[PDB]
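Quick heads-up: it's one chain on its own, the form deposited in one PDB entry, in C-alpha cells.
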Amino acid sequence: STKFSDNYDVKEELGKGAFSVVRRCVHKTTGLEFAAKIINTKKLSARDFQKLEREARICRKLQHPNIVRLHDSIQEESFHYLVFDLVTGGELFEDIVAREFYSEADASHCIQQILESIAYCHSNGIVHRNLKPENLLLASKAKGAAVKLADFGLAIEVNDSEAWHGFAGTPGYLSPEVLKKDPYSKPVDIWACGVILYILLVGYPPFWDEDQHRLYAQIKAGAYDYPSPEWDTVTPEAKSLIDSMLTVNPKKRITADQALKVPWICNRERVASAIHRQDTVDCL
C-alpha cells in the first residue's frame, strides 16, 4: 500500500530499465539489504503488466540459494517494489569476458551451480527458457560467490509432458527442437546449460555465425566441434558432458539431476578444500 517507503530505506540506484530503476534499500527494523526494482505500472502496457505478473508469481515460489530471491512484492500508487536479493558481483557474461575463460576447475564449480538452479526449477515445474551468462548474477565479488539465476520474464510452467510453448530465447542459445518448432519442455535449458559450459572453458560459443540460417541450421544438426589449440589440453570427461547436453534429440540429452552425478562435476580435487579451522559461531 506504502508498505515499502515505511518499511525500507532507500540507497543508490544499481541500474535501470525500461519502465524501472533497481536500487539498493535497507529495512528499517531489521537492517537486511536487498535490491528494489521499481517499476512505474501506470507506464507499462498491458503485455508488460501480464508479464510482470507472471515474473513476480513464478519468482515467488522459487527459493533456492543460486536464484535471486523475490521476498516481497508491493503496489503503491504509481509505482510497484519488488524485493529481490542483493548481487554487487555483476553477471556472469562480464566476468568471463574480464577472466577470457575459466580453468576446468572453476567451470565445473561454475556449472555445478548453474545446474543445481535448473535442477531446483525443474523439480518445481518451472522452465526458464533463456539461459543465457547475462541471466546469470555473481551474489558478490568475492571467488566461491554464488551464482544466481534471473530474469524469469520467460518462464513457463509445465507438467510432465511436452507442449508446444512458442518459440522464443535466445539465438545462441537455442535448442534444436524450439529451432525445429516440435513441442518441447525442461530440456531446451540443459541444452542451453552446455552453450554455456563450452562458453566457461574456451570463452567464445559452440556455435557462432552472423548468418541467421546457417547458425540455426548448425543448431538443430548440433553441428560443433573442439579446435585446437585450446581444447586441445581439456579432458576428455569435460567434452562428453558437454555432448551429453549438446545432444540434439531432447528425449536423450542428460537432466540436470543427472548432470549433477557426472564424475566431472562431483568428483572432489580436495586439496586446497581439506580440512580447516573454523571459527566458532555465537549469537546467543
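Numbering follows the first chain given and starts at 1. The term rigid core refers to the maximal set of C-alpha atoms that superpose within 1.5 Å between the two forms. Compared with the form deposited in another entry:
Among the candidates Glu157, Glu134, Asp182, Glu76, displacement between the two forms reaches 2 angstroms at the C-alpha for one position only, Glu76 (superposition on the rigid core). Relative to the superposed rigid core, the position of the CA of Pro263 differs between the two forms by less than 2 Å. Taking the rigid core as fixed, one finds a CA shift for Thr41 of 2 Å or more between the two forms. Positional change of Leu52 between the two forms reaches 2 Å or more at the C-alpha, relative to the superposed core.
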The other form holds:
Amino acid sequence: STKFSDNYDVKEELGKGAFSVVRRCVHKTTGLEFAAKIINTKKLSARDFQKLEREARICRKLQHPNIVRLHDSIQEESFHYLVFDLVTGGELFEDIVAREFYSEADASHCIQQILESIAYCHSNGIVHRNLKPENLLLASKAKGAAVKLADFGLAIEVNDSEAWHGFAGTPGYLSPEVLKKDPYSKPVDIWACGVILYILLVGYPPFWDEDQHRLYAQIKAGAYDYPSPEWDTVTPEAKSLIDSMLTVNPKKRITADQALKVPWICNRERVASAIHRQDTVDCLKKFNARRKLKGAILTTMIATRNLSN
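How about the form deposited in another entry, since we already have the form deposited in one PDB entry?
Excluded here are partners and other molecules; the one chain stands alone.
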C-alpha cells in the first residue's frame, strides 16, 4: 500500500541506524510530527530482516507515555516505515547538570518515570536489557518534559521462560545473574535501575573499575558502598530502595511494581530530601564528560576502520 506517502510529509534526516535512515515527518491530517525510520526491505539481508520483524512486534506492544513509542509500521513497495515519537530533549543526565537546583526529590521523580516504563515492559513480558544513561531521554526541551526510555534493540519477549539469554547490555549496568551465566529475566532491568538511581543521587557509579574482570567480580559480589561525606546527607529511604534493587539474588530483588509503592517514590514530597546537591551536579558533569570522551574515541576508531579497506 501507499499509506505512508499519502499520509506523511517527509522532512530532514535526523541520523542513521545499522540498516536505516531516520527522517522527521509530519502527519498531513493531524499535523503532528514524528521520527520515521526508513528501511529498504529488498536490500535487507535475511538476518537484518529478522531483527526488524522482532523490533516492530516488540515496539508495537510497548505503548506507554514514558517509552519512545512506535506510532505506525507501514510497508510500501520496497521500503518499510517505522513511525516513532520525535524525542528532542536529549539525555536526562545532560539536562540535570544544567539545573540550578537538584535534590533527592528530583531524583525520585526521575526514577519513578523510569520504573513506570519498566513496569509496563515487564507486565507485557518484555525485558529491555540495555538500561543506561544514553537510553534515558527527555521528550523535549520544555520544562517538565517526560523521561522517555529508548532503544529496544536488545529487548526480548522473555515472558515466563527460564534461561540465560546471552551476554548483552553495557558492562557497568550488567547484573550478577547475566555475568554468572545463570538464567535471567525481568529482574536484570531492576538491577540496572539501581545502578542508575545510585548515579542520580551522587553523580558517579556504584561499580567502577578500569579492569573489566575486576568490574565483573565487583558486580557479582554486589560490592558497592556509600562513601562519606556525600552519602551522609542522603536519606536511609533512598539507600534502602537502592539496596532492594542491587540485591545479588534476583529472587530477592524488588520488582518494578513493588518499587513504585515505596514511600520515597510515592510520597517523595515528604519522604525524599529537598536539599540541593551541588556535589552531585559537579560529579555528574565529570561523569558525562568521561562518557563523551570514550564515545569520541570510539567514533575515531570507527572512522579509522571506514577509511582503511
